[PDB]
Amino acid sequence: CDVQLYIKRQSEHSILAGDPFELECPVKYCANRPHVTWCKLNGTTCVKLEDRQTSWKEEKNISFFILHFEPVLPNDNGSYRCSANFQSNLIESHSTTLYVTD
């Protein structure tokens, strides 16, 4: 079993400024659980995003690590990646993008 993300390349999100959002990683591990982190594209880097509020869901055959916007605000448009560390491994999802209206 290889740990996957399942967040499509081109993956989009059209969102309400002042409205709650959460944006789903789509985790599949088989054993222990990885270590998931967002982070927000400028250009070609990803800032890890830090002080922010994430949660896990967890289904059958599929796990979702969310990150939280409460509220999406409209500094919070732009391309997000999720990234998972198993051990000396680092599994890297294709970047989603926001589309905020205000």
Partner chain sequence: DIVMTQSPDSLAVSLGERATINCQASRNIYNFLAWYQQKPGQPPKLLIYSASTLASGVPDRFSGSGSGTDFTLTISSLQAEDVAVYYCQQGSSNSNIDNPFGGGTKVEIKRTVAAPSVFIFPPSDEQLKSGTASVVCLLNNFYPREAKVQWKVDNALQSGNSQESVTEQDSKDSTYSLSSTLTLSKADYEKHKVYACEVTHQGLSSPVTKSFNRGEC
Contents of the next structure:
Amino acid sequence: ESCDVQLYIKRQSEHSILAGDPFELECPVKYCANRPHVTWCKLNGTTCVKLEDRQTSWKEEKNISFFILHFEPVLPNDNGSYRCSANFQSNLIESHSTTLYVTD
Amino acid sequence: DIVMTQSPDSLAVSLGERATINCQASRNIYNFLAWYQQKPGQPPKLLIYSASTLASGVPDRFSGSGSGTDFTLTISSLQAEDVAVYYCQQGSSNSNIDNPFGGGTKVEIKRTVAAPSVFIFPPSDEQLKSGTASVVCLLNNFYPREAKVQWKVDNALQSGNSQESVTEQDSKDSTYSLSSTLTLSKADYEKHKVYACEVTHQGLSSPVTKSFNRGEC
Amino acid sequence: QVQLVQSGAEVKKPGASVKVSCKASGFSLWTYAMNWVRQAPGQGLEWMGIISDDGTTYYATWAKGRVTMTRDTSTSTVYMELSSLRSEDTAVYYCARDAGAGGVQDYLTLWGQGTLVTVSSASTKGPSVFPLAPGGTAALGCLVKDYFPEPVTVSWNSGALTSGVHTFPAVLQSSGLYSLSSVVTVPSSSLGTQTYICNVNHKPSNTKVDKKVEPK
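Please give the other form, namely the form solved in complex with its partner chain, since only the form solved without its partner chain has been shown so far.
Complete assembly follows, chain above in first position.
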């Protein structure tokens, strides 16, 4: 009925995908009642820079909730390291990074 | 875009029987689907969220099912207080969407066919002073809602100069009432004698006509 | 308790802007996002957009460039501004608390009372009230004509008479003024004895009219 928010991307998670294909990048989210405002950012060195005006959605499958970043389609430059983030109470929660490998 | 479509537009069910209404999404929305009930002059009230979870306090005669793109709300035994408009609403995305709400389904009580009682009102003397004449035809306490009203002025059928209005279903007897107002300048009103409204309805074996002659008691 | 209290009804000319407010009580604008939803008379619910825990806004496609959603977190007040108003923007505008913190609307758990915004060339005007003079049942009524804007209410004999009363939804006339009738059915025999008065309230113009309807 009540729990803390978790953005539980596992450490060293990666995906490799064909350029020109659609892709759905998943942020597994644990929440209990009050669905968090999850955002995506892409790593530029030390900084995780928030992604603006991107297509996002929510997915639920076998009692797991995912926040999705859509790539329609993947481009070569989409290569890199991504994190999901959310405010919970007065905390900023940040997931481990997930790495994308695009085959050009 | 995710297009939300409800069907049917309206549903009539006899008191105590099962009511089932459908909501469809143009793409997969998983279980991010809520249902609302809305009565005239009130904000919507949440009934169901996550496709199938009843909101706090909602009677268990209400239930939701479905996943993906096909969803249903079911009222197991329809009660008078369930007469309302029902909306579904997707919570999966808002990326370039027109509306996360469906267009709504009106749920009404089905009862036996009841023919309208018909009344005609001439314009008042007081109104006639201001230079306008409104003639009113009242179709009272009928079922179902579908009715046709034709205005006839000295046997001439009228077009484009009337508006109608229909009440919400009556809580007591499950009927509708309807008014038709014919609007004429004082000038045109006084050019004529016989003012008739002709009513057709499922419950009437032949048309009912009410009329008056202008100026007569 | 938790409440949403919206600003009062607005009457606007074509081309104007409107800014409606919604004051939230008993929760922070950082906990739950706020949605704006409108409804034209007799029509469906139209989601306009959402303002998130951190103030980020997301709008319906049609609303982009027309609707601006803002907030003041110190008073827990959210605002909806709509520009270049047209007659088809006439609607009840609702604020509604999201279950979630924003980004994507989840579902709506609490609603404001709504704010009626009427967009029209018309000027605010009280109604002219005219009698609709009378088996063993008679019908009588009042024609409530040429008022602006909505709403009007009608009662009979100061609320003593409720049985058999039908008060019709208003129609908008081509003049841009509204009109409705209220009717009641009564025993035909009662007509010599019993007096019938319709009580007409037009709150937008602060107008009250009583009209006795006699069989004449």
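Positions refer to the first chain, counted from 1. Note that the rigid core is defined as the largest set of C-alphas that superpose within 1.5 Å between two forms.
Enquirer: Looking at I62, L73, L41, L49, which has a Cα shift of 2 angstroms or more between these two forms when the rigid core is held fixed?
Expert: Meeting the 2 Å or more criterion is only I62.
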